[PDB]
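Student: Here are the chains, one letter per residue:
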Amino acid sequence: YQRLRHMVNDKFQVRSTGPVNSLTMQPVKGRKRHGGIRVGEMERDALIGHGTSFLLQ
Amino acid sequence: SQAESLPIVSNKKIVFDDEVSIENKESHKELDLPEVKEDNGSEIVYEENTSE
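Note that the protein sequences, when read in sequence, are chains A and B.
Under full-length UniProt numbering, the first residue of the first sequence carries the number 1033, and numbering increases by one thereafter.
Under full-length UniProt numbering, the first residue of the second sequence carries the number 265, and numbering increases by one thereafter.
EDC-like, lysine to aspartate or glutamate: derived pairs with alpha carbons at most 16 Å apart:
#, chain 1, residue 1, chain 2, residue 2
1, B, 301, B, 311
2, A, 1061, B, 307
3, A, 1064, A, 1042
4, A, 1061, B, 312
5, A, 1061, B, 311
6, A, 1064, B, 307
7, A, 1061, B, 316
A few chain A residues that don't get close to chain B, going by computed Cβ distances all over 10 Å:
#, residue
8, 1040
9, 1041
10, 1075
11, 1079
12, 1084
Rather than coming from a laboratory, the hints here were simulated on the basis of the structure.
Just so it is clear, CB atoms sit at the ideal spot from N, CA and C, and this is done for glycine as well.
Looking at chain A on its own, in the form it has when it is part of the complex:
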């Protein structure tokens, strides 16, 4: 057998609250600076579908 290099991100990264942005207020990327996770255009729909106007909010 062979041991594969740490070719994994593994690095989770949580986000209670931390660094944001001057022009938007929304937290920016990071992982090592506790960057918030992106709610992209796709997931926007998902929620829309179910019918959960709040979870969206």
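With chain A's structure known, arrange chain B on it following the hints.
Tutor: For chain B alone, kept in the frame of chain A given last:
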């Protein structure tokens, strides 16, 4: 004629911007950045390019 030796802006501009371009970078080099943990625990970051 007081228009035969009147400059044209296109060229006066190119001298005016020059200096100005400096007294803005240089002056921005003798400035600190005060962090304002905007009433939350967050952090008012001081950029202008979150390229996600």
